[PDB]
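Using the sequences plus the hints, can you model the full thing?
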Amino acid sequence: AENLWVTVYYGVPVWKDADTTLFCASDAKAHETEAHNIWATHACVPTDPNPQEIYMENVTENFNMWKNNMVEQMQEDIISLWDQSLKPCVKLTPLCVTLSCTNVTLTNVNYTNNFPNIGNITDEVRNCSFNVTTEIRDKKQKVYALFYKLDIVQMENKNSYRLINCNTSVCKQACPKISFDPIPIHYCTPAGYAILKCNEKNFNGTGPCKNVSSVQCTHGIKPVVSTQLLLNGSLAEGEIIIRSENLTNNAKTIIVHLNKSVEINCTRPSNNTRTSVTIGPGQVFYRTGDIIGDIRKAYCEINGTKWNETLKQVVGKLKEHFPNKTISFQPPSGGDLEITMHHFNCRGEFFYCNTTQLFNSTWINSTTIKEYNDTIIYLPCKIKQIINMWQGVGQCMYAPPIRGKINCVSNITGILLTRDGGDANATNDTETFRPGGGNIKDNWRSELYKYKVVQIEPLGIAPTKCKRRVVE
Amino acid sequence: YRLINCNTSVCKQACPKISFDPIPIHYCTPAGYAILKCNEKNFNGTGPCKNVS
Amino acid sequence: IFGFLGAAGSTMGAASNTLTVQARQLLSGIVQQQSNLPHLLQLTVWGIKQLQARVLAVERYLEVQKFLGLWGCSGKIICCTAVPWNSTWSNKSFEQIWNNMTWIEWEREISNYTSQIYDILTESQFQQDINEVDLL
Amino acid sequence: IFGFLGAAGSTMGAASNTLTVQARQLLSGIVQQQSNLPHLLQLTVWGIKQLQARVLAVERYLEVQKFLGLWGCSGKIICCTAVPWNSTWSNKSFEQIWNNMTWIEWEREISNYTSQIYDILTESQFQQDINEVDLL
Amino acid sequence: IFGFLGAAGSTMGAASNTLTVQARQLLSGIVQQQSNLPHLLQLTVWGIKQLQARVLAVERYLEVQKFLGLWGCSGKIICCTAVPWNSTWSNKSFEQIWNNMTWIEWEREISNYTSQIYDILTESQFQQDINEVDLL
Ligand SMILES: *[C@@H]1O[C@H](CO)[C@@H](O[C@@H]2O[C@H](CO)[C@@H](O[C@@H]3O[C@H](CO[C@H]4O[C@H](CO)[C@@H](O)[C@H](O[C@H]5O[C@H](CO)[C@@H](O)[C@H](O)[C@@H]5O)[C@@H]4O)[C@@H](O)[C@H](O[C@H]4O[C@H](CO)[C@@H](O)[C@H](O)[C@@H]4O[C@H]4O[C@H](CO)[C@@H](O)[C@H](O)[C@@H]4O[C@H]4O[C@H](CO)[C@@H](O)[C@H](O)[C@@H]4O)[C@@H]3O)[C@H](O)[C@H]2NC(C)=O)[C@H](O)[C@H]1NC(C)=O
Ligand SMILES: *[C@@H]1O[C@H](CO)[C@@H](O[C@@H]2O[C@H](CO)[C@@H](O[C@@H]3O[C@H](CO)[C@@H](O)[C@H](O)[C@@H]3O)[C@H](O)[C@H]2NC(C)=O)[C@H](O)[C@H]1NC(C)=O
Ligand SMILES: *[C@@H]1O[C@H](CO)[C@@H](O[C@@H]2O[C@H](CO)[C@@H](O)[C@H](O)[C@H]2NC(C)=O)[C@H](O)[C@H]1NC(C)=O
Ligand SMILES: *[C@@H]1O[C@H](CO)[C@@H](O[C@@H]2O[C@H](CO)[C@@H](O)[C@H](O)[C@H]2NC(C)=O)[C@H](O)[C@H]1NC(C)=O
Ligand SMILES: *[C@@H]1O[C@H](CO)[C@@H](O[C@@H]2O[C@H](CO)[C@@H](O)[C@H](O)[C@H]2NC(C)=O)[C@H](O)[C@H]1NC(C)=O
Ligand SMILES: *[C@@H]1O[C@H](CO)[C@@H](O[C@@H]2O[C@H](CO)[C@@H](O)[C@H](O)[C@H]2NC(C)=O)[C@H](O)[C@H]1NC(C)=O
Ligand SMILES: *[C@@H]1O[C@H](CO)[C@@H](O[C@@H]2O[C@H](CO)[C@@H](O)[C@H](O)[C@H]2NC(C)=O)[C@H](O)[C@H]1NC(C)=O
Ligand SMILES: *[C@@H]1O[C@H](CO)[C@@H](O[C@@H]2O[C@H](CO)[C@@H](O)[C@H](O)[C@H]2NC(C)=O)[C@H](O)[C@H]1NC(C)=O
Ligand SMILES: *[C@@H]1O[C@H](CO)[C@@H](O[C@@H]2O[C@H](CO)[C@@H](O)[C@H](O)[C@H]2NC(C)=O)[C@H](O)[C@H]1NC(C)=O
Ligand SMILES: *[C@@H]1O[C@H](CO)[C@@H](O[C@@H]2O[C@H](CO)[C@@H](O)[C@H](O)[C@H]2NC(C)=O)[C@H](O)[C@H]1NC(C)=O
Ligand SMILES: *[C@@H]1O[C@H](CO)[C@@H](O[C@@H]2O[C@H](CO)[C@@H](O)[C@H](O)[C@H]2NC(C)=O)[C@H](O)[C@H]1NC(C)=O
Ligand SMILES: *[C@@H]1O[C@H](CO)[C@@H](O[C@@H]2O[C@H](CO)[C@@H](O)[C@H](O)[C@H]2NC(C)=O)[C@H](O)[C@H]1NC(C)=O
Ligand SMILES: *[C@@H]1O[C@H](CO)[C@@H](O)[C@H](O)[C@H]1NC(C)=O
Ligand SMILES: *[C@@H]1O[C@H](CO)[C@@H](O)[C@H](O)[C@H]1NC(C)=O
Ligand SMILES: *[C@@H]1O[C@H](CO)[C@@H](O)[C@H](O)[C@H]1NC(C)=O
Ligand SMILES: *[C@@H]1O[C@H](CO)[C@@H](O)[C@H](O)[C@H]1NC(C)=O
Ligand SMILES: *[C@@H]1O[C@H](CO)[C@@H](O)[C@H](O)[C@H]1NC(C)=O
Ligand SMILES: *[C@@H]1O[C@H](CO)[C@@H](O)[C@H](O)[C@H]1NC(C)=O
Ligand SMILES: *[C@@H]1O[C@H](CO)[C@@H](O)[C@H](O)[C@H]1NC(C)=O
Ligand SMILES: *[C@@H]1O[C@H](CO)[C@@H](O)[C@H](O)[C@H]1NC(C)=O
Ligand SMILES: *[C@@H]1O[C@H](CO)[C@@H](O)[C@H](O)[C@H]1NC(C)=O
Ligand SMILES: *[C@@H]1O[C@H](CO)[C@@H](O)[C@H](O)[C@H]1NC(C)=O
Ligand SMILES: *[C@@H]1O[C@H](CO)[C@@H](O)[C@H](O)[C@H]1NC(C)=O
Ligand SMILES: *[C@@H]1O[C@H](CO)[C@@H](O)[C@H](O)[C@H]1NC(C)=O
Ligand SMILES: *[C@@H]1O[C@H](CO)[C@@H](O)[C@H](O)[C@H]1NC(C)=O
Ligand SMILES: *[C@@H]1O[C@H](CO)[C@@H](O)[C@H](O)[C@H]1NC(C)=O
Ligand SMILES: *[C@@H]1O[C@H](CO)[C@@H](O)[C@H](O)[C@H]1NC(C)=O
Ligand SMILES: *[C@@H]1O[C@H](CO)[C@@H](O)[C@H](O)[C@H]1NC(C)=O
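Protein chains in written order, with the deposited numbering: chain A, 31 to 136, 136A, 137 to 188, 190 to 309, 312 to 321, 321A, 322 to 355, 357 to 405, 412 to 414, 414A, 415 to 459, 459A to 459B, 460 to 507; chain F, 191 to 243; chain B, 519 to 556, 564 to 661; chain N, 519 to 556, 564 to 661; chain M, 519 to 556, 564 to 661.
Any given hint could be a false lead.
Claimed, not checked - Quick list of the computed label-pair ranges, beta carbon to beta carbon:
| # | chain 1 | residue 1 | chain 2 | residue 2 | range |
| --- | --- | --- | --- | --- | --- |
| 1 | M | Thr529 | A | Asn99 | 35 to 45 Å |
| 2 | B | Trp614 | A | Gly237 | 52 to 62 Å |
| 3 | N | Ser528 | M | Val549 | 35 to 45 Å |
| 4 | M | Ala526 | N | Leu555 | 49 to 59 Å |
| 5 | M | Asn637 | N | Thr569 | 29 to 39 Å |
| 6 | M | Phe592 | A | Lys442 | 57 to 67 Å |
| 7 | M | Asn616 | N | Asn656 | 44 to 54 Å |
| 8 | A | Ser209 | B | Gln550 | 49 to 59 Å |
| 9 | N | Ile603 | F | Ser209 | 26 to 36 Å |
What the hints assert, rightly or not - Reference excerpt, derived from the structure (chain N facing chain M, CB under 8 Å, subset only):
| # | residue |
| --- | --- |
| 10 | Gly572 |
| 11 | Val580 |
| 12 | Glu588 |
| 13 | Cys598 |
| 14 | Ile602 |
| 15 | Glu630 |
Keep in mind the hints are simulated off the structure, nothing from the lab.
Ideal Cβ placement from N, Cα and C applies to all residues, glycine included.
Given below as structure tokens:
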């Protein structure tokens, strides 16, 4: 008892929660391809080929979504990368001039390979021949170009149009040599901190976790951007998870995460031709010259029966949080373009796919089976070139035209939902959900939901029986 | 006629204040690093140097 | 044999023989590499966070050294000075602490008497050393 | 007790009982906080100057540690070694120094041979260890 | 009698007598001074190239300090641990080593065992004082 003396330690395994700053760590093989990517640029430190998944079993830590500080740092990182990736590129300020458009006349093919039989792209583009100066500022020349209708608005005086963006900002066009390929990114903490990963399978969004696993840093994170549906995400292993801080509250979104994937198949079957027209001293502009050959609206193909199965599963899962209600889906109820659409960027081109017929259903009691046979679901999708991925924090951007044929497949993981309010007796035991919505952060909170940065405090201290010797 | 480079890219006029005179520079490494200097006279591209200081 | 941080949930007594694993990874990580391959990569927003990452590594490790330096237990892993422990911070016995209560809980249990103790150690070291000069 | 620099004018002897307070405050400071709220806050003029402060903080502590590291008694407040005086850097006796001369003035008198003092002190520590290696 | 790296080519036996002169210059350097005159003076490439130089100076030096800290040889140019050489790493007799086996190529011969010697030494220090903490 009387021989209890302080005994300082060093290297004790004790952590306390805090917030730090991370850094990129790209994959070794996925890097050094002379691609000049936007997100995972050449400045990332090479990753560790042998990450350690050290299993701290016998313990408990309180995780939390909707407050994980890591989302803010990487969101700011994505914004900064997107902003600096446009600084070297050229502006488009000489283009804000009145246009003299005309609806399209051309000697194009008529066979059209009409298997989709949905519709050719008449009235979807406008032949607009504007008039801007050449290198010498004293001379102007007439140049014609093809623009989509989403990039063009009319102020007054019909038969005279203008660019849409010219009353809010100026949109620098993308440099043609940089691509938007989503490279996996491994966020790694500086030495001295650590990242805790909750290894539970059926992990609900918040609350304590009792199977914590520690790693030096996280795995690859896809920087893909989307609006209404998650793309190329990481599927959960246990079962379908419904994530929400307050399901009762309807002021926010609801993240739905699947454990069975669904493949999307969307492509643009028509060629555009790339023709370059100078605008001034050392400044060049890439325009869609004249479409030739195949003419069809870009469409997406999705296995219908897989969609029916996934809808049945998610309805079954939501059947426990709303024990007696009736669940049905409806298309987006309005607003700005992204929410009322499906937005995803592929191969340097932005897509706005309607995807209305994917959310027209009513499930009552699972009494009768929706027995139908395999018919693929085809949905239209416009194409937009003057993009504004963020409201006012990002820089408005103009993707250059891409020639040839665009064909990429995505393979879907997550769905964004939103509850709808109602009364007590007015409701007919029914709750309706509408997809769409959600900011960019809502995409990332579906992936960084397992990690929490911690700081090490190796200064332990505890009584013992020592007594440091005296020097005579 | 017109300027040869006014069309290919942008050209700037250097301010007269800044001078192009090459001033000698001494490169110096941070503490913890040493610079090896071969004082051998007939030293071509590579090969061991036995007179380095 | 354990891994890094691999016994935090274990009992304190059985977790007192794996400290070297944690103490061996305070600086040795991945930040030491400059870049994958060298237009002024030092100013890219990705490259401006290593500076925040690198200086945070040392500035977090030095704080450990400063406290170890003054207490006289510098250059050791498990040291022990000769300042009494009057039990007002924790009056539990020898066995009730070491064998059963885990490390994380113990650190939280006295987290409000630390600042008083951290000042006691240095003063105990200093006045003890004053004896040495006043001894020879 | 005395606070920071609380006895800079007091005598030599009475200023030997306040060393611990100043040693503690050699790295602790408000610069630890990153920012009140984190466009381009990384390269903001209030940010570039703050980073310079953190680097200068560690380099000023490391400078003292490195010299005290080599002198063979790392991890102590006061320390005496085996280098006898030549009695020409300061030809004053004991009581004439520790009673009535002050620290600030004392440094000026001896500031003229420190570059010949730090070097000779280090050699003694090295010399002691050389005799020890061939001893056992 | 030897300057910086003076005896790096000399034999094993006579090289040890100049360890200090190659140790005083691990942090001191030209970087101490500020500049010729203090545009973008703080944002020029040398405004950041110099900053990159300072942070590498402390990090590279202080990394070595980490290994000295664990082994218990802190504050000693020459140390003496208690890890018995088992003759597996290199079985040259003592005469064959310190007579005419020069330093620069010495530890390149042992270069496949650095990753384990730097680990077995840590364990030896740990096992020494765990016996001591239950002996006093
Ligand atoms: C979710 O995950 C899904 C699974 O991975 C993912 O789907 C995959 O998405 C990637 C997207 O990168 C697909 O890879 C691309 O496929 C492109 C197909 O292009 C067709 O059309 C071309 C004509 O434009 C044809 O030439 C081409 O034929 C061959 O092309 C490739 C040769 O290796 C090969 O991939 C093809 O299969 C085929 O063999 C094809 O018919 C392909 O073009 C593209 O290559 C680009 O990227 C490579 C990697 O960086 C570069 O090495 C390559 O050179 C191409 O980059 C060029 O173009 C970029 C702009 O587009 C520039 O930034 C580059 O710097 C480079 O630019 C040079 O060339 C330009 C002309 O092209 C020229 O203008 C420049 O000046 C410069 O000279 C890439 O391989 C993949 O196929 C998809 N998976 C499947 C199964 O289909 C999905 O995308 C994910 N979801 C999301 C949202 O991302
Ligand atoms: C995605 O496709 C659906 C069709 O499957 C589109 O819904 C249809 O949109 C058009 C106009 O865009 C509607 O036409 C008119 O709508 C008014 C609305 O009050 C209606 O009263 C008129 O009688 C007229 O039909 C149409 O009703 C509507 N629904 C159907 C079944 O055709 C939808 O607009 C497409 N997505 C987007 C973003 O446009
Ligand atoms: C888009 O408009 C341009 C002109 O505004 C059309 O180009 C004209 O093509 C005819 C056919 O050979 C020429 O005689 C004219 O001289 C062209 N006008 C020019 C070069 O200014 C173009 O055909 C139109 N394209 C579509 C699809 O309507
Ligand atoms: C590009 O040149 C054409 C040809 O001159 C312009 O068209 C006419 O321009 C004159 C000059 O002011 C106007 O008075 C006419 O009214 C224009 N024609 C029509 C049908 O409106 C054209 O305006 C020039 N481009 C721009 C952007 O002004
Ligand atoms: C904590 O989660 C891990 C998952 O990584 C569990 O480890 C798996 O357990 C299952 C049990 O059937 C094995 O089939 C797997 O091989 C294990 N490893 C992996 C990587 O899946 C672990 O069991 C969980 N903790 C507890 C106490 O059950
Ligand atoms: C993917 O998750 C779904 C549900 O999230 C799983 O469907 C359930 O599977 C369990 C075990 O097979 C059954 O007991 C349930 O009845 C299923 N749910 C429904 C509504 O029928 C599905 O099994 C998971 N897939 C895999 C491969 O494990
Ligand atoms: C994604 O969609 C494209 C077109 O929508 C598919 O390309 C078709 O592939 C089939 C079989 O490979 C061919 O018979 C068609 O002629 C192709 N059409 C076109 C327009 O290219 C592509 O196969 C789809 N991807 C996957 C994985 O099924
Ligand atoms: C869409 O998915 C369904 C199942 O999710 C596929 O149906 C299966 O098809 C395979 C081979 O085609 C059969 O062996 C299974 O018995 C089928 N199962 C069911 C439940 O139908 C369907 O083939 C897919 N559609 C396409 C076009 O591939
Ligand atoms: C896209 O979703 C599909 C759905 O399974 C994934 O396809 C599997 O990917 C793994 C990883 O290489 C393969 O081992 C499987 O063989 C693939 N399935 C088939 C049927 O071949 C795919 O991994 C998903 N995309 C990404 C990027 O993970
Ligand atoms: C800038 O102008 C120069 C000359 O005015 C261009 O150089 C000539 O370009 C023509 C094509 O228009 C070629 O046929 C000649 O061979 C070029 N001259 C030589 C000496 O090779 C140059 O291409 C123009 N550049 C831009 C970007 O407009
Ligand atoms: C988690 O804590 C429990 C609590 O004691 C540990 O249980 C003991 O584990 C040791 C390990 O050999 C056994 O000898 C004891 O018999 C177990 N019971 C008791 C009451 O001590 C368990 O081992 C701990 N797990 C880990 C990984 O440390
Ligand atoms: C390089 O090696 C030569 C070998 O001859 C060294 O010269 C000998 O040095 C030892 C110790 O200094 C003397 O005892 C011998 O008398 C020397 N012999 C000759 C022939 O010079 C030389 O000293 C070595 N280099 C250095 C810097 O020590
Ligand atoms: C373009 O299409 C619209 C809608 O079909 C039509 O009113 C217009 O007349 C067309 N263009 C021309 C030049 O007629
Ligand atoms: C194709 O576009 C033309 C206009 O160019 C239009 O008249 C026609 O109805 C469209 N569809 C088909 C099948 O030709
Ligand atoms: C998360 O889901 C589990 C699963 O049963 C449930 O017990 C718990 O109440 C949920 N936690 C929150 C915070 O919703
Ligand atoms: C699209 O590719 C080229 C590019 O313009 C074009 O000549 C060709 O006719 C188109 N493809 C087909 C199958 O017609
Ligand atoms: C999915 O269900 C809806 C109604 O629940 C039905 O109309 C549709 O045909 C089903 N999908 C397929 C591919 O049959
Ligand atoms: C899908 O079609 C329209 C789209 O608004 C909607 O009124 C309808 O109720 C939905 N369901 C079915 C089965 O048509
Ligand atoms: C699909 O619809 C019904 C229900 O399965 C079936 O009788 C019909 O023959 C199927 N269609 C084809 C083309 O096989
Ligand atoms: C070796 O280097 C020194 C450096 O000053 C030079 O003077 C000498 O000529 C060189 N050669 C020999 C053989 O010393
Ligand atoms: C420790 O103190 C608390 C209250 O101060 C008391 O309840 C407890 O019995 C004490 N335990 C011992 C072992 O003295
Ligand atoms: C060990 O601690 C637990 C709570 O942490 C307590 O329930 C138990 O009684 C303790 N046992 C002993 C012997 O101290
Ligand atoms: C320390 O401060 C907390 C904060 O209110 C207080 O609740 C607690 O009683 C104090 N003492 C201990 C031993 O935690
Ligand atoms: C025990 O030590 C603490 C130091 O935190 C002190 O405040 C308290 O007065 C001491 N108790 C006695 C009886 O001296
Ligand atoms: C005093 O120190 C100097 C070096 O500053 C040294 O040269 C001299 O020998 C010393 N005095 C005596 C008596 O040794
Ligand atoms: C000590 O110095 C003071 C002046 O600073 C002087 O008055 C006093 O006489 C000195 N003491 C002795 C013993 O000389
Ligand atoms: C000597 O120690 C090394 C440690 O790396 C080990 O690999 C080797 O087997 C040991 N040899 C003997 C004979 O113990
Ligand atoms: C001593 O080392 C040499 C070379 O490394 C080797 O050939 C010899 O067998 C070794 N002797 C013993 C006894 O291991």
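Hint check:
Judged by the Cβ atoms, the range 35 to 45 Å given for M:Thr529 and A:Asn99 is violated: they are separated by roughly 58 Å. For the hinted restraint 52 to 62 Å between B:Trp614 and A:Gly237, the CB-CB distance of approximately 32 Å leaves it violated. Distance hint for N:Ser528 and M:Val549: a CB-CB separation of about 36 Å, consistent with the stated range 35 to 45 Å. In this structure the hint that M:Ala526 and N:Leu555 lie 49 to 59 Å apart at CB holds, the actual value being about 53 Å.
About 49 Å separates the C-beta atoms of M:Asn637 and N:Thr569, a value inconsistent with the hinted range of 29 to 39 Å. Checked against the hint of 57 to 67 Å, the pair M:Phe592 and A:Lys442 passes, with Cβ atoms roughly 59 Å apart. For M:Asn616 and N:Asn656, the Cβ-Cβ distance of about 29 Å falls outside the hinted range of 44 to 54 Å, so the restraint is violated. Between A:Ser209 and B:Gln550 the beta carbon distance is about 31 Å. The supplied range of 49 to 59 Å is therefore violated.
Range check, N:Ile603 to F:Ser209: about 57 Å between beta-carbon atoms, so the 26 to 36 Å window is missed. For N:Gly572, the interface hint is violated, the least distance from its beta-carbon to any beta-carbon of chain M being 11 Å, above 8 Å. Of the supplied interface hints, the one on N:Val580 holds, with its beta-carbon coming within about 6 Å of a beta-carbon of chain M, less than 8 Å. Below 8 Å, beta-carbon pairs count as interface contacts, and N:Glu588 has one with chain M at about 7 Å; its hint therefore holds.
Satisfaction of the interface hint for N:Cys598 is found here, the shortest Cβ-Cβ separation to chain M being roughly 6 Å, below the 8 Å cut-off. The interface hint given for N:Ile602 is broken, as the beta carbon of that residue sits about 14 Å from the closest beta carbon of chain M, more than 8 Å. Contact between N:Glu630 and chain M, as hinted, is not supported at the beta carbon level, the nearest pair being about 26 Å apart and thus beyond 8 Å.
Of the numbered hints listed earlier, those contradicted by the structure are 1, 2, 5, 7, 8, 9, 10, 14, 15.
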